[PDB]
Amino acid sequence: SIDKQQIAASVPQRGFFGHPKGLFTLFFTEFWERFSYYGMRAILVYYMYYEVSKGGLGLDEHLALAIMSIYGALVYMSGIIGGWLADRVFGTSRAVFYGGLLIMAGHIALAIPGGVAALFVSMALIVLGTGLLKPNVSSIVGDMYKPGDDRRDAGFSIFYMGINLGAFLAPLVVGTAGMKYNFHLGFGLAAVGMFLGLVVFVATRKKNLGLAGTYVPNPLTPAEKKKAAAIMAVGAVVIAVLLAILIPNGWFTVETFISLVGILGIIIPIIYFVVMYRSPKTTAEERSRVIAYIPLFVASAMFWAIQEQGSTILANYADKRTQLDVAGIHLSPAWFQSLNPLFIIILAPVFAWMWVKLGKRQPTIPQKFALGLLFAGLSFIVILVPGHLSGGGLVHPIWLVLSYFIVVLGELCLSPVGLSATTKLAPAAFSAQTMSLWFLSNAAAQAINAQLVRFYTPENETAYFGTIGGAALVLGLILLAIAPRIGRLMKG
């Protein structure tokens, strides 16, 4: 490691709206990565299930939705792996660079003419690369501000804004291009996007970031390096040999893989919980907190399950169930992916001010989890209504807009205290695993989403949204009820 002072001395403190110019490097690196990721995502599902004669891959709709859910799950998991690689082998600056390259390569694999193999390579590359870039670019931003710098919070706010900004614009740019012209054009704009991110990062990182992220904070010892190398190699050959017999004669298919991820999405959280609870490095008080954290973890998973379907199930809904020809124009179904970030950008400051105004009277953290869940469930009840009231046919887009609006109301309750809840209830020995634990509730939710896709059909649409929405409402009520004790139990 290097001391934070010498690192700070190596980073310029001016140059970007009162902030260090390094914030420019990090804002735009991350903006373009998110832009590219979200643009590609706004059209990917359609690319999968649109007919071959329409530029698509001609996959079954259900398979496309399942793949999309596993995709998000794997991306969430990858960030855990990626964080460890920066911390113990690459440093963060180099993780960002390699991640970017991998991401760019992933987009190119889609931008060129290709079929379903190209899609699978593209996913792998983007899963790996986003794992390396996304958590680590954010680690570097803290590194620019010396301890005690009052600009730090604001610098993080500006940085995070770029992410939402990327999320808002991408469906309007890549979404429009991909749907109106050609899918590969869309994927190409995503590729160019990431390229601009790489360009800004490589061209400016030396002067703007100085020493930040250039060292390995927690390096493996020589013996560890040999251990890791052996485990990897053996691991690589063992995976390879299974697939050799399995892909033709196993059989190992995309269905198996989707199932596997589903299994893992349940198994992993359970192991994490057992390990934390049984750990000899924990106090009796910490053990009670781990137990207290379970309903919060479940509420989170349920919440993200609904929220993450905004990019899968509801994307299909925008495309197959929604009246797009309104006001003399034709709406692109991908454009609905701009609604979640838009509402976040607008409502976040309103909520902030609200909690301030509430002060001592504001809901506790477990109560805000509950509220998030209640709103998420409500968003699904709302969405079932028009298809239920109509005999058939496309429904007015205002309903989908309202459903996205409502889930945002829930997101601004639960999400901003998610990390805080996790840190307050995890044992001190596991303080470093705190971001992973929080990300895991999302990963698990999307892993499960992929197994729920078979239930989504025009015929049981009502049972689908109704059952999931009802589950969330029920869970939200139970959480409200047990929230008092969970709150008093919180560390602080």
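By rigid core we mean the largest C-alpha set that fits within 1.5 Å across both forms. Residue numbers count along the first chain shown, from 1. Compared with the form deposited in another entry:
Annotation: the position in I346, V202, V275, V241 displaced by at least 2 Å at CA between these two forms, with the core superposed, corresponds to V241.
Once both forms are fitted on their core, the CA shift for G114 between these two forms remains under 2 Å.
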Contents of the next structure:
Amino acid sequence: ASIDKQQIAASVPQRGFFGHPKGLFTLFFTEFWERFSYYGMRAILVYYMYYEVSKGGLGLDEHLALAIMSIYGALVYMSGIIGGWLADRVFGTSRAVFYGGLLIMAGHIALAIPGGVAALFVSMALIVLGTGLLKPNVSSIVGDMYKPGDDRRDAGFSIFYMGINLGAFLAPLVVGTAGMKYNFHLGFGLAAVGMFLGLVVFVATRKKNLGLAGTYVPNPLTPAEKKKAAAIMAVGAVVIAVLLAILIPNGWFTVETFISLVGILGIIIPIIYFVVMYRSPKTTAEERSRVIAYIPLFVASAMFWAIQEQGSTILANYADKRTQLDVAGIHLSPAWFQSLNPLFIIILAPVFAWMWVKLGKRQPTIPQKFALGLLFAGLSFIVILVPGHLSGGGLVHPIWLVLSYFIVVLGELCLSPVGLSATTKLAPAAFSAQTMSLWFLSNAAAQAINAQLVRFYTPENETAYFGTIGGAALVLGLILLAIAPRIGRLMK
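For comparison with the form deposited in one PDB entry, would you give the structure of this protein in the form deposited in another entry?
Single chain only below; no partners, no other molecules.
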């Protein structure tokens, strides 16, 4: 069922979008609108959860809301593992994107209509499932557009991914303005319309613009395999069944239990995977040493992403509860702070890229870049604790929060661009197809862990919260710097 790549590309019109195939238009806008809706939703979801019922919110406790926001991205990660497999072995990528988009749209609709906490659960379920099918598969469709040897490939991916930060930047300003200044459901409704526009362009244009791309099942199941995969689903169905019979009668079937389970998995899954890689009979002794060398990089990544990802949880709460939004005559919406990360990435990325070129042979190695990322991340938390500590109370000027987001980006631009490269360089050849998942696992584990850290975040513990986590990142960054020479030399 796999198709020759040149034959696939021959079915795709080769021009029509800035010198690229017209299908890049299709894929760019599908992805932009999916990201717009996801980030727009996220920008207001935390406030929707904890705002008073009389203020249009759900009225949950801040800690519970923050913990729920925290695990969201970890769930998306797990879903994406399943969704990548489903596309590869069952649907193909084009159908995965279609069905995924449908579920995501339904998820946004569930929040746009009048409803409460049950609707929140349903919305998250649909968006987690849908995003898992769409997110890790949409990029494989762009690759299918360029025949082997086509030198526009890299640039096309670059244009494609630019839609992520564009969506991330515009959504809080549009959806966040609507949701916060006027009505939450209006905000969520605009996210739904956004996803709808994405679906429309995809459905209306995919046949002509994309041809065969992603329309085939690359790794189809044999009849026996389909029965085998059906059996495994039944095993998973037995596992959930047996859990319910234990959890429900004992009153343990709660969101709190689930959050704690996500946390446990955040720790256990990485450990298990490292043992699997280290103990594999399909590895060499040299590869085994490299797996060990990767451990501090994985930990540094997790710690870095813990801080960076709190920009949309803890720091979103900080924007709303601790920051003076009434500066000059204008009233800032706290949702708007979610635009800072992508803005600064867009502005600073080419400057960093230029910097590395100019440094040349003098530039930091990959492990050194991880370390620098961590140091900046730690610094961003030290910076944020200062105004609250100096004031002794009351709202703080929003400039301090801006500076914190900015400093995190300095670190992100050190660590993140070499993350996959580090992972590929240190992972065994037998595990080469899982390198992306392994790299993304450090970010997902960070989010799972973030959710457990939420209860330490209170007005009275704010200084200790930011200082301890910031200090831990500083300490770990320093240690990583120190052991970076040996790690760097082991890299393939």
